[PDB]
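Asker: Listed here are the chains, written in short residue letters.
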Amino acid sequence: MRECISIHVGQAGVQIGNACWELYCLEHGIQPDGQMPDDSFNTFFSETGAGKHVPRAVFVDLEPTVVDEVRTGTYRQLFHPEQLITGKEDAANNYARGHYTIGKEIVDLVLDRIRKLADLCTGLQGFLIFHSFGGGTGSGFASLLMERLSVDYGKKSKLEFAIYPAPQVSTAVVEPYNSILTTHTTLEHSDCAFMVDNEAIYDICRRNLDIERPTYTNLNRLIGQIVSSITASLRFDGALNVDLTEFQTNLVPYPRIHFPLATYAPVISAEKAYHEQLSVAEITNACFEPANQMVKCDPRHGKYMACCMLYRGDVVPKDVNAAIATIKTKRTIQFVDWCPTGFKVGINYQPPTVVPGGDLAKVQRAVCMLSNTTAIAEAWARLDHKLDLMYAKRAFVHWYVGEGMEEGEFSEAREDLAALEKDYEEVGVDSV
Amino acid sequence: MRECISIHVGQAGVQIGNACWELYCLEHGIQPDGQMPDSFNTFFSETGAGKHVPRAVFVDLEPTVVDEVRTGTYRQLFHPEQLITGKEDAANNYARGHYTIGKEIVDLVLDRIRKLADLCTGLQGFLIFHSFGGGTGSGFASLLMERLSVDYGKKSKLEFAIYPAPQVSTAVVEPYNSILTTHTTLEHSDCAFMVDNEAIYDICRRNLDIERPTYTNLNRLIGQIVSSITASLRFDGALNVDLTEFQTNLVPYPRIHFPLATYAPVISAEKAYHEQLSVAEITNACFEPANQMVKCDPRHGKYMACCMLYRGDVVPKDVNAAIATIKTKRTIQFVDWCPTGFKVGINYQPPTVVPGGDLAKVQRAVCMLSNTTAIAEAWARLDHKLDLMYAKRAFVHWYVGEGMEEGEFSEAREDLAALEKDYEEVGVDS
Amino acid sequence: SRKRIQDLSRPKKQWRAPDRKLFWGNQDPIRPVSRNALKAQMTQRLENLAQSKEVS
Amino acid sequence: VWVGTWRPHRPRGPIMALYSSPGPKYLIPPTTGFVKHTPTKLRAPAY
Amino acid sequence: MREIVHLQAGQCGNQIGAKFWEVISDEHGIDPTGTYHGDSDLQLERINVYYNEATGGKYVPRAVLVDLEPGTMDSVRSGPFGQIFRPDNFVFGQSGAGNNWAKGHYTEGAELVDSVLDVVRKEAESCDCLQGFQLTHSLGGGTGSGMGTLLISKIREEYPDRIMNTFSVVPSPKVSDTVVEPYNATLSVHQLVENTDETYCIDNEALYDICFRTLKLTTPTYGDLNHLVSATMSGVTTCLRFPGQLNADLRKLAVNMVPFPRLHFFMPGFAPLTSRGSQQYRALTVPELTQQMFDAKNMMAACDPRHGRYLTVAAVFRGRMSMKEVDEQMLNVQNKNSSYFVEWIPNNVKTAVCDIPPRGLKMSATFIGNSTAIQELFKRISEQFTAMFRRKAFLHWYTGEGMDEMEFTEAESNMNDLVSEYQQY
Amino acid sequence: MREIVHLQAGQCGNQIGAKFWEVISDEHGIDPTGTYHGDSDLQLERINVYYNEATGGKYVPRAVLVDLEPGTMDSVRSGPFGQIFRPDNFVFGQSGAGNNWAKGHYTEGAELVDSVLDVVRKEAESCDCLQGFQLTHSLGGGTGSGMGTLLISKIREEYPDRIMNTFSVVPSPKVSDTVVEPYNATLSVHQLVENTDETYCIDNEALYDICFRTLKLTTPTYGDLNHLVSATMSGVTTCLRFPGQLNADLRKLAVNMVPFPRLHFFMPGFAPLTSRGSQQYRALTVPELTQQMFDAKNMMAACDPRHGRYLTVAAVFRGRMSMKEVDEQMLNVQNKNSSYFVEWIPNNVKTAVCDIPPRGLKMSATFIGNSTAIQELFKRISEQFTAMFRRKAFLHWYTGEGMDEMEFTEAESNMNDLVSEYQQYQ
Ligand SMILES: Nc1nc2c(ncn2[C@@H]2O[C@H](COP(=O)(O)OP(=O)(O)OP(=O)(O)O)[C@@H](O)[C@H]2O)c(=O)[nH]1
Ligand SMILES: Nc1nc2c(ncn2[C@@H]2O[C@H](COP(=O)(O)OP(=O)(O)OP(=O)(O)O)[C@@H](O)[C@H]2O)c(=O)[nH]1
Ligand SMILES: Nc1nc2c(ncn2[C@@H]2O[C@H](COP(=O)(O)OP(=O)(O)O)[C@@H](O)[C@H]2O)c(=O)[nH]1
Ligand SMILES: Nc1nc2c(ncn2[C@@H]2O[C@H](COP(=O)(O)OP(=O)(O)O)[C@@H](O)[C@H]2O)c(=O)[nH]1
Ligand SMILES: [Mg+2]
Ligand SMILES: [Mg+2]
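Protein chains in written order, with the entry's author numbering: chain OE, 1 to 37, 46 to 440; chain NE, 1 to 37, 47 to 439; chain Dn, 172 to 227; chain Aw, 5 to 51; chain OF, 1 to 425; chain NF, 1 to 426.
Computed cross-link-like contacts, BS3-like style, restricted to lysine-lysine with a CA-CA straight-line distance of at most 25 Å:
| id | chain 1 | residue 1 | chain 2 | residue 2 |
| --- | --- | --- | --- | --- |
| 1 | NE | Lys-336 | NE | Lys-326 |
| 2 | NE | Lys-112 | Aw | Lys-29 |
| 3 | Aw | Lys-45 | NE | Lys-96 |
| 4 | NF | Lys-392 | Dn | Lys-174 |
| 5 | NE | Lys-124 | Aw | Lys-29 |
| 6 | OF | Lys-216 | NF | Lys-122 |
| 7 | Aw | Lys-29 | NE | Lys-163 |
| 8 | Dn | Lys-210 | OF | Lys-392 |
| 9 | OE | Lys-124 | OE | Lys-112 |
| 10 | OE | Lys-311 | Aw | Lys-29 |
| 11 | OE | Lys-311 | OE | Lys-338 |
| 12 | NE | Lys-124 | NE | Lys-112 |
| 13 | OE | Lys-326 | NE | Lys-124 |
| 14 | NE | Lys-124 | OE | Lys-311 |
| 15 | NE | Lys-124 | Aw | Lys-40 |
Note that these hints are calculated values from the structure, not bench results.
Only chain OE is shown next, with the shape it has when bound in the complex:
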């Protein structure tokens, strides 16, 4: 009826899933070791006749070094032993190897696990791809799995929660090669792509939250929390329910323009909101800050075209439109002329949970703002600049063509990204 399948792959995806299933077990009465000490757990969990609940996700990786700790640690009691797919050799920051030579082979088990996970669920709703844009297993293997899922399942919805290279913070050097070369594959066979990066989450954890020296667990728990409200209405009753398939006909005006942002406003420490009243009119007004975004873009130079607000917990349905109307009256948030309506509202009846002892503060309100803007077009200009400076002398092409395929796909990047850059300019031109 209302089940969904989320695919975790790479390292960023598997660590995000490691943090996310903590929250998924905490929302319901499911213990971390599977059992319980009600039909709202069918979206993420299946039921076995002995009381064991089995998750509906997959953990696939070409290295064993990060799936071993799941297979040996706190959560080896939860996940399916054959869904814990491990590889042999790393893709090693290479699109070509993990797309053509080693990533081509192991999908005969990945797709089989996806099939057996899909034969339990009756009303399947969509796919949540959890990977990263700048690796070999994240950007090459998940891309090929997305090709195969698109050519097999047809018109099922596909969503991407992926790690985007920050303008300054970047741990690898082959990022623009296997990041842009994924975008030939994404926008043809995708419906939305909720990008995040790592610098903006550092800024949020540092300034809004007050944690110093943050490990990856803080970022991954924030990611799990913002994707916890994207499927809030699929499992929890609410006054204004917004299911999964009506996200795309609200966020996507054009099939090319399906690259939205993401924002979770009530992210704050325990001893900061204790000196605060957290009214509705000052939470959704904080979703529109440039300092609250999970991707480094400036919405002051961007032009909003679609929006969605997915409220949680004790939200009065009256102050929501009173908070939207004052936004409409202010001139700091400008829309395009061909969208005179703008907004979309969803209200739920469940407060956001907090991990016990975690950095987040307990509240009974939660706002997730999803919107696509023309300011994302600058996030592609910098990667195009990087590829133009790096491919000009054929920097790292020998590691790519050494798997057996030509460099023509690198030459296919410039016309495709030039079209994606100039049509974004075209759809934001005023009426003249």
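Since the structure of chain OE is already known, use the hints to place chains NE, Dn, Aw, OF and NF with the ligands on it.
Answerer: Below, chains NE, Dn, Aw, OF and NF with the ligands alone, put in the same frame as chain OE:
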């Protein structure tokens, strides 16, 4: 529904706000922790548990004052975001105050001001606490209120700033930079009170029996007048006056907007168990030449518009006789173009006393607000003291080395001469 | 000296443009349509933004 | 609006309640690196 | 003996009909168990209009519960008055349409219609005579605006003469709730004009203004908002269920109200609306009811009476009053502000007086109006549609599931003709 | 059945008219809750001249409580008679008034005037027969002086034949609690001269002199000032409520009082005033009121009546007195002061004898006088105006908010015309 926003810029404003935000805590009933053991809304918002939020922002570029405030007994009262520190001092420079280091931190203090103004419904004005001498209170507050004007518009701004005292000072460049401070005042400010330091010393030497006065007594005596301004805003009374007409009934012309301040019954606690003051002489206790908070003699100019806010057990019968006998004498002189002269304000709350303090428990207490033509001399001497330094181009190299120009000084001298001409022209009779 | 009196009598200069006065219970929008996207806009040649079918 | 003999009276000047706080408009400097840091973080050393 | 069958589709229609079946079970005295617990007779001799019988004194409502998203089924089933509905009319889809008209009408919404027409026909074949078709939905949703229009097209193509009633909510002018509101709003009700004969436009910002500045509620929720609509819903069909001195049924609320088959758009109302802080300071009389009936503060639509000119007015009164002060007050309404009424119709009001006022109050009224200011709403909807249409802004979700470019142009042409013919009169 | 609608604008107006309902509800024996607990039955017959009805026998007055600041509704609702009004009859604002003309007339007040005519038409259309409108305000501020003067224009054109009973507190020659009083007086009584039909000019200075000198208060509070005004306030409309040997309604106190449409400014009063310790010393007789009635030291306006003549004189006698006396003494005072009455009007005095006096007194009186001596008040207001206009003292504060220069000139011209007509017929 009667909100006021308080900004404390520089040390000379934060050190006064320290006294003000304990006086306001005692006036209502909030232990400095912030919790409680319905008219407090004009300085406090609420939480679910019950703490109260001071609607004030504490900003300076030196982290010393806010750091010792954070370690004190106000850590629970305040939010860690109104306590905005800085890395490096404004270094006694009008240039450095708002151009290199002070240019950037505006985008954080204004964002916090914006978050403060959204939680209130009846915001009226701005309570900026600064000084005319240094660089943080004179340069940063300059540009800050300058773009407050483009941020809000007709919402009034009330600075409570101190003056260079006419024969004592601490900094040497005080007249060199105080003139440059007022280049933003007469177009982005409507009423800025002038309360210097030397006259408070004379007041606490004569009217009080106290010896070796510290800055604390001056801050408390200023904060008493500041709290008496918002007396009718918080409480009930016969003649309720707020900030909106305070803009109008006190200021005749847009440039002529620098009035005085005077608190009459500052009588020692040791002399308080014998005498009980009355209205007919507490009105004369405001107009004495030795009872005021700026070292300027009032005979040097004719009065323009007076405003007295009587607080406590005051009946409006005898304030009439007080103004009537004020009009009769000769030393108190008004202008010919103001037959009406005055403005009467009456409240129902006597002033609060502070434990371990200096002031006494009096019944009636009048706060006097007035602008006079005598302050033209208080600008004329600061002008001449800048002219003596500028004749040899004394400290110019410490200002043009940061981003200002001599071409800015060439547009800077003549406006204060124009202001002297304005005061001289408005002082004459027709 | 009278011209100086006229000079002080000039009131002031404003900075914030006043916000828009809105009326409720009417069928008017908050942000007006610019009337050039109404019936003056024309589509472009590369506006091939149609529905992407299944695979073939 | 005037679709008869009745019309609404028009105020001649702006209302003081219109002059409200502008929303999200200020960019607040980042907290990563050296090119632009807030003076509220203890900065990390460059080398 | 004289029945009305109720239908609802979508979250909006379902959660309005839930409050409807609460309030009209309360007027007739039916507990959520399903027995009879009223303490009169006049609420029991005409109960078959909205209910059926069962063994042991079980009163089963006559409603049809449909939605392509089954999420609201569990909410209305596990609500307060959710255990009276029979478990066979609960037909649901598995894949929600989700604010797309094509999924609600053509390719998925039409596949569940063969299951809902069976239940509608089975309900309509157990009544002595049919008079109305009551539909509640949303005008710019996906399943409410998609398959409700298909359902009423099928009903009108099979039952030709029976009057049908939509109680639908329309998109608000100030705040927007969906980006595809103009597309569904324009393209679904250009099959409302050529099919229906009595429709009721309800806004949501006007209901909020009623709850805030008239009822004076600090926390007005949706459960307290659909009761306000359900009051007018129950008040329109009052003379069918209770006796009175001037009895008007729904058919006589059509000839006196609809002069032309296109101009049939009505804005509902409910008179005795006041806060409990001034309930005792007023006296519940006919003059204040007829004063507040023709006020902008007691209407469910954001169209002022100023913008146009009233064509027909209906006003159903309940309680024990006399009729000449009622008729005299209607005359003073017509004569005082005669610039807001049409000259070419002499009498512009229709009055009906019942005998049983609702519980609690001693009298009540229900206001239904026809005016040439509803065209201002369609002007705004056509404005938004033409702004979003020519850039092909959201036609991607339409043209890939059996659409055409020219169909939108036909809908906009019909809307322009409707606004022109409203202006002409 | 003959109804009067009450309006109060500004906190001064709301204070002077809030106590006005205390002397009426106690006159009709109405609880502060609203119920009836009196002893007589004559005071209940004509109670639909000021009040309305409610189920269960509660009585709610008609009133349009109007202000620009919400700082009054926490006080007048919490006063002695706060529970008697109607919550839907309250009209408020958000921003401050500022005591200026622009925020009562053009910018803030012009927003609020559409929502005050809603409740004016709420009350004025639920009555049987309407006489006119009752309004309390001042002449030296921004709310009552400006916005109420806008409100008389927004009411007058809707009801062209009814009467406008305004009640003005005029700035005093020696005491002023506002610095922009001459501006707000000239701008008000420029337009007040051609809409309302009778204005009762009241000075705080003369009324304070009455309180200090006649009935011997040492400490006069504002409530004891408003009570003395409210006695006259309720003394004018006493023929609408109680029987009398010589009835004279509000319209009869409008025809006989003005000889020309623009000379309609009245000096009020109240005769039987005595000290606290001398109430039970003797019975009050009719020859000892006219001496208290026709003296300069009883007048509520600071203009000395002996600096001019009297055009039309009123005497609303309340109590059980004879009629030969209350005409013989009027003849005697007409013959006694010939130079204080005009020559071309033969009878200069109107008498109206009611029956019911207020509670606490077995007899009472009320004086309304239209004398030429009030031209002294306009002259000093004009001179105080031109003192601030030869040099444009506060024109900075008006001209920046829609005001323009020469309407002050034409308002001063209008004052000069009013002075010349008031002197010309003397
Ligand atoms: N925020 C966040 N980012 C992560 C995390 N783990 C990995 N990343 C990001 O992933 C990027 C590396 O790309 P990956 O896709 O993980 O590379 P891979 O999966 O190891 O595949 P290969 O590079 O071929 O070995 C880094 O730049 C990180 O920014 C995580 O736990 N949290
Ligand atoms: N009343 C009072 N005055 C003070 C206090 N501290 C300093 N002052 C006065 O302020 C003057 C110094 O100029 P300021 O504007 O305060 O200097 P600043 O605020 O530290 O700004 P910078 O020097 O640039 O850091 C001195 O002449 C003192 O008279 C105080 O705590 N209370
Ligand atoms: N005013 C009001 N509107 C409602 C209520 N419930 C739902 N809505 C409206 O209904 C619309 C959603 O329609 P929906 O039921 O989702 O259409 P569907 O997807 O085809 O079933 C939204 O635009 C809301 O404005 C309610 O209780 N009051
Ligand atoms: N006599 C008298 N005068 C009053 C009373 N209350 C206020 N005033 C006068 O009202 C004047 C101020 O008018 P104000 O209320 O500020 O005008 P507004 O604010 O525009 O309504 C002062 O000069 C006072 O003398 C009162 O109870 N009695
Ligand atoms: Mg890897
Ligand atoms: Mg300093």
